[PDB]
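Undergrad: For reference, the chains in residue letters:
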Amino acid sequence: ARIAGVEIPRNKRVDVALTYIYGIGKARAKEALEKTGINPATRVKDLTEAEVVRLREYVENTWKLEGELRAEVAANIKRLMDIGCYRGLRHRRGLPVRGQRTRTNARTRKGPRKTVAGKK
Amino acid sequence: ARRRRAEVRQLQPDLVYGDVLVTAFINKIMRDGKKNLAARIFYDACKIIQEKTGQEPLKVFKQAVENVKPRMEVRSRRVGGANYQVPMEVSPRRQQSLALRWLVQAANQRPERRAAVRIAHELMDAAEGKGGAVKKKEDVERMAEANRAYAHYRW
Amino acid sequence: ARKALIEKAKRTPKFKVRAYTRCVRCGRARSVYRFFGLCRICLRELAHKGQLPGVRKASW
Amino acid sequence: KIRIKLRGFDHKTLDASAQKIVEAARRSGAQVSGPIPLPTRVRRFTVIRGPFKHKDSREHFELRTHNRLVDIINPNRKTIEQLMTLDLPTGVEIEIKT
Amino acid sequence: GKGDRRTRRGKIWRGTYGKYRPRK
Amino acid sequence: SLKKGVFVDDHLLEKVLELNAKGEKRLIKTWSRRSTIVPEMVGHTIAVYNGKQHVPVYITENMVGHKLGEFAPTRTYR
Amino acid sequence: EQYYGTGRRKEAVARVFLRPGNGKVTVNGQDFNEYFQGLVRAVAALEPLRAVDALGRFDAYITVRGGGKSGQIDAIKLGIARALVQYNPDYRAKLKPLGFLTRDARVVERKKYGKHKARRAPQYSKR
RNA sequence: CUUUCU
RNA sequence: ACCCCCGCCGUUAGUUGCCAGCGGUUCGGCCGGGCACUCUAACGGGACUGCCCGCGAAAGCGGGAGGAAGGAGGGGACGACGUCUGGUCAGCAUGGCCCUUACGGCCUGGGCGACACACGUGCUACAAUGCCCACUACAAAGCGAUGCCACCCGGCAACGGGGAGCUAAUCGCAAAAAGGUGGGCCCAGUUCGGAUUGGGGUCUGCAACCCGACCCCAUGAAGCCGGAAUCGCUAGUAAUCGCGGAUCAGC
Ligand SMILES: NC[C@@H]1O[C@H](O[C@H]2[C@@H](O)[C@H](O[C@@H]3[C@@H](O)[C@H](N)C[C@H](N)[C@H]3O[C@H]3O[C@H](CO)[C@@H](O)[C@H](O)[C@H]3N)O[C@@H]2CO)[C@H](N)[C@@H](O)[C@@H]1O
Ligand SMILES: [Mg+2]
Ligand SMILES: [Mg+2]
Ligand SMILES: [Mg+2]
Ligand SMILES: [Mg+2]
Ligand SMILES: [Mg+2]
Ligand SMILES: [Mg+2]
Ligand SMILES: [Mg+2]
Ligand SMILES: [Mg+2]
Ligand SMILES: [Mg+2]
Ligand SMILES: [Mg+2]
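Residue numbers (PDB author numbering), protein chains in the order written: chain M, 2 to 121; chain G, 2 to 156; chain N, 2 to 61; chain J, 3 to 100; chain U, 2 to 25; chain S, 4 to 81; chain I, 2 to 128.
Hints were generated in silico from the structure; no laboratory data involved. Just to be clear, a hint being listed does not mean it is correct.
Cβ-Cβ distance ranges computed for the label pairs, FRET-style [claimed, not checked]:
{"id": "1", "chain 1": "M", "residue 1": "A76", "chain 2": "I", "residue 2": "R128", "range": "48 to 54 angstroms"}
{"id": "2", "chain 1": "G", "residue 1": "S77", "chain 2": "I", "residue 2": "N29", "range": "52 to 58 angstroms"}
{"id": "3", "chain 1": "J", "residue 1": "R51", "chain 2": "G", "residue 2": "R10", "range": "34 to 40 angstroms"}
{"id": "4", "chain 1": "U", "residue 1": "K20", "chain 2": "J", "residue 2": "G36", "range": "52 to 58 angstroms"}
{"id": "5", "chain 1": "G", "residue 1": "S92", "chain 2": "M", "residue 2": "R108", "range": "48 to 54 angstroms"}
{"id": "6", "chain 1": "J", "residue 1": "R51", "chain 2": "M", "residue 2": "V74", "range": "50 to 56 angstroms"}
If you want the ones that stay clear, here's a sample from chain M, every Cβ over 10 angstroms from chain S, calculated [unchecked claim]:
{"id": "7", "residue": "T49"}
{"id": "8", "residue": "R71"}
{"id": "9", "residue": "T105"}
{"id": "10", "residue": "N106"}
Quick reminder that beta carbons are idealized off the backbone N, C-alpha and C, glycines included.
Kindly produce the complete structure, drawing on both the sequences and the hints.
TA: Written as structure tokens, this is what we have:
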């Protein structure tokens with residue numbers, strides 16, 4: 002059923018299905034599926050309301066998620082603007098942040114390509 | 002092959018039915034040197050021939066191949082100006098290679114999610130005369146012969 | 002610069018990580034085989050002459 | 003009881019040098035577990051032939067440390083005479099153990 | 002696969018060891 | 004990233020600590036961009052060398068974990 | 002009491018001892034079929050026996066170390082063949098025409114410099 | 001086939 | 001051709017090999033014992049178109065036997081006179097010209113890591129002949145005493161405590177991976193893919209902002225096999241899978 006923020010995982014295994022939350026990876030799924038003692042193999046479709054509650058309660062309260070995060074992360078980067086740190090510019094500039102090359106590549110962080118002219 | 006006519010690489014007979022032509026096929030099935038996985042597949046597929054027909058696998062495969070062999074093909078050709086598609090007879094070797102090449106490409110075009118199955122069904126369909134292999138083939142025999150005007154080169 | 006520097010690299014420095022190798026002949030920073038103190042060049046040279054003992058053309 | 007390791011770059015000055023240590027213990031004493039040839043440590047170095055860029059094209063050098071072994075079981079003093087300082091070391095290594 | 006730190010294969014390729022690839 | 008020190012240059016600290024015992028100076032310039040901004044040695048204005056000149060970086064509270072050179076950007080129009 | 006052939010094929014060596022009687026095969030303190038488990042190719046190693054009708058009128062004890070499992074198989078193939086020729090001068094006439102007696106000196110060829118891989122050269126652009 | 005120039 | 005490596009066999013040699021034989025085995029070649037075998041490394045043998053059929057004047061050509069191996073068995077090393085006014089004065093050497101409180105030196109800091117773009121070489125992919133998790137001996141060149149680190153314990157881990165063995169065929173790096181056996185996923189931009197990014201750490205190092213590698217949580221981008229063009233490879237090759245080294249604090 003519905004677990005966190007507003008998410009509704011469905012029809013697939015729970016270990017997978019938990020992942021569908023912003024805040025849950027393959028790891029945090031394992032943690033909460035034994036800390037509530039639910040078999041991971043069971044489909045969401047067919048798992049007790051008692052199980053759903055055990056789960057939902059642990060999850061929403063154990064760690065920060067969906068939307069709360071989304072705003073936190075956003076606020077970390079906002080914070081990196083501060084008086085104006087290095088990683089600030091980079092976020093300000095839409096450029097890579099983790100000491101990588103830019104003469105080539107760096108596409109993931111850049112507007113597809115913006116091809117130009119040159120030469121005689 | 003400027004000098005000589007190349008020795009036809011001579012092939013280990015089959016581990017199971019004792020036939021050369023089968024290794025040949027298992028080989029075309031085989032990726033990245035994984036003859037094991039390749040051979041499982043072909044055998045697993047032969048078992049699917051059993052369960053889905055009272056037929057002996059070997060003579061299904063034999064007769065599928067025989068149905069996929071092209072008689073004529075069109076090899077491209079320069080004529081001091083134009084390149085034409087020129088129809089001509091097909092070496093027994095090349096018959097056999099093109100057959101097994103197409104069987105496996107045809108197999109892997111199929112929808113069924115598991116390789117042994119695709120191999121099996123395609124084989125079945127082919128002995129019957131209606132695999133995707135045989136269309137990729139009557140297609141060839143068609144195109145040659147539909148270019149029969151240029152049969153007066155052959156080179 | 003390659004005199005003031007053959008000299009500098011021998012001086013023991015503040016911090017051992019400022020330290021480094023040098024072809025003790027052909028006075029040189031890069032490809033310097035530590036088993037010899039010898040730049041790949043000033044090395045192929047000796048290796049040829051017979052001045053590096055037991056060292057020989059490898060062929061296998 | 004006595005164990006002697008023999009290193010060296012030259013395979014003729016072991017199969018010579020230490021096969022004469024087989025006569026200088028058999029003639030002047032008792033039992034020897036013959037000379038035993040060990041795994042050799044090949045060193046290979048690989049060098050760009052030219053001084054400046056020609057990065058494909060290289061020359062291949064090895065440096066091959068041959069090892070041999072001899073064992074003598076009965077320590078006479080009739081033996082430790084040649085095997086003490088009747089010297090013919092040349093370009094050879096000597097390890098002495100027990 | 003080989004490019005994923007959180008697989009076992011990612012580790013191997015990278016030469017590393019970790020949760021996703023333990024030393025026995 | 005370390006955890007046993009914050010590896011901050013004594014020549015700066017010493018000069019900052021023995022300014023905190025009465026000291027509100029702006030002409031504090033340094034070349035140790037490699038040093039962590041230390042627990043609340045804020046308020047002051049350190050000029051950091053980018054390799055060409057010192058730039059006044061005003062140090063506030065929100066930016067304490069960081070290094071000094073994160074505010075002396077070395078290259079032009081990026 | 003004893004029969005012997007040494008097999009090699011490509012870093013693998015096969016120490017092969019035949020014996021009279023039963024039919025069963027040890028390999029490195031293991032049944033043939035649990036050592037070469039799943040590996041389709043294995044039934045080939047005993048192909049020398051089927052050749053002369055030794056089918057299973059011998060046992061075999063085999064140590065086999067070195068190289069790889071396809072190699073090990075072929076090493077054995079060779080030992081098994083070299084073994085029973087040394088227990089019958091007359092077992093050439095059946096075993097040589099099928100060359101279970103040949104070594105097969107095909108071995109991994111050496112990585113060369115310049116190349117990526119022995120022969121795979123690197124890649125032209127010319128542009 | 002195709003190729004003017006350099 | 002004379003040299004090295006790889007194919008077969010023989011001689012010489014027993015802290016690596018073994019129930020091969022027999023004995024004891026806490027059942028680990030571990031224990032006395034044994035080099036038979038395997039290997040290790042030195043020295044020999046072996047192949048000559050020598051032998052048989054066919055063609056040829058001859059060289060030699062096709063085929064056959066024997067043989068581990070034929071007709072250059074397989075891989076190296078090995079580069080004629082010369083060509084390109086090729087390459088390097090920045091490895092070094094060297095003729096000449098130029099700088100000498102500077103075109104020399106030393107330092108701290110930054111830069112060689114820039115990024116609207118274009119190209120070469122590569123990696124990882126885009127999945128079910130696949131991905132994930134567990135179990136499971138395939139074996140094969142090299143490194144290791146400012147070192148390789150078994151084994152215990154703490155930590156999810158990187159790593160941190162301790163701590164045995166090994167100057168190393170003896171001990172360690174070492175898990176080979178693909179494979180095999182079971183279990184999961186069920187064709188989804190997915191349990192494919194792992195870019196980017198937030199956060200928490202570990203290690204080397206005086207120091208990791210500009211600039212390190214690694215671990216862990218989160219985040220999961222493009223990518224569904226690539227236009228015109230175009231590359232490699234003829235066999236243990238290509239394709240694929242891991243393993244080592246050099247340089248090296250670390251990378
Ligand atoms: N000692 C010089 C070294 O030799 C190297 O090896 C080169 C050659 O010896 C080698 O051989 C050539 C190849 O170049 C060329 N493109 C095609 C030709 N078939 C090859 O010849 C081949 O056959 C001969 C004789 O049968 C062998 O002896 C030769 O070594 C082998 N590579 O290929 C390399 C170049 O393509 C390099 N030439 C060179 O970088 C280096 O200096
Ligand atoms: Mg250094
Ligand atoms: Mg290259
Ligand atoms: Mg993945
Ligand atoms: Mg810019
Ligand atoms: Mg290979
Ligand atoms: Mg004109
Ligand atoms: Mg010029
Ligand atoms: Mg400087
Ligand atoms: Mg550069
Ligand atoms: Mg898809």
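Undergrad: So, for every hint listed, does it hold in this structure?
TA: A quick look at each hint next to the structure:
{"no.": "1", "hint": "M:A76 to I:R128: 48 to 54 angstroms", "verdict": "holds (49 angstroms)"}
{"no.": "2", "hint": "G:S77 to I:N29: 52 to 58 angstroms", "verdict": "holds (56 angstroms)"}
{"no.": "3", "hint": "J:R51 to G:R10: 34 to 40 angstroms", "verdict": "holds (38 angstroms)"}
{"no.": "4", "hint": "U:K20 to J:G36: 52 to 58 angstroms", "verdict": "holds (54 angstroms)"}
{"no.": "5", "hint": "G:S92 to M:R108: 48 to 54 angstroms", "verdict": "holds (49 angstroms)"}
{"no.": "6", "hint": "J:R51 to M:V74: 50 to 56 angstroms", "verdict": "holds (55 angstroms)"}
{"no.": "7", "hint": "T49", "verdict": "holds (44 angstroms)"}
{"no.": "8", "hint": "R71", "verdict": "holds (21 angstroms)"}
{"no.": "9", "hint": "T105", "verdict": "holds (16 angstroms)"}
{"no.": "10", "hint": "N106", "verdict": "holds (16 angstroms)"}
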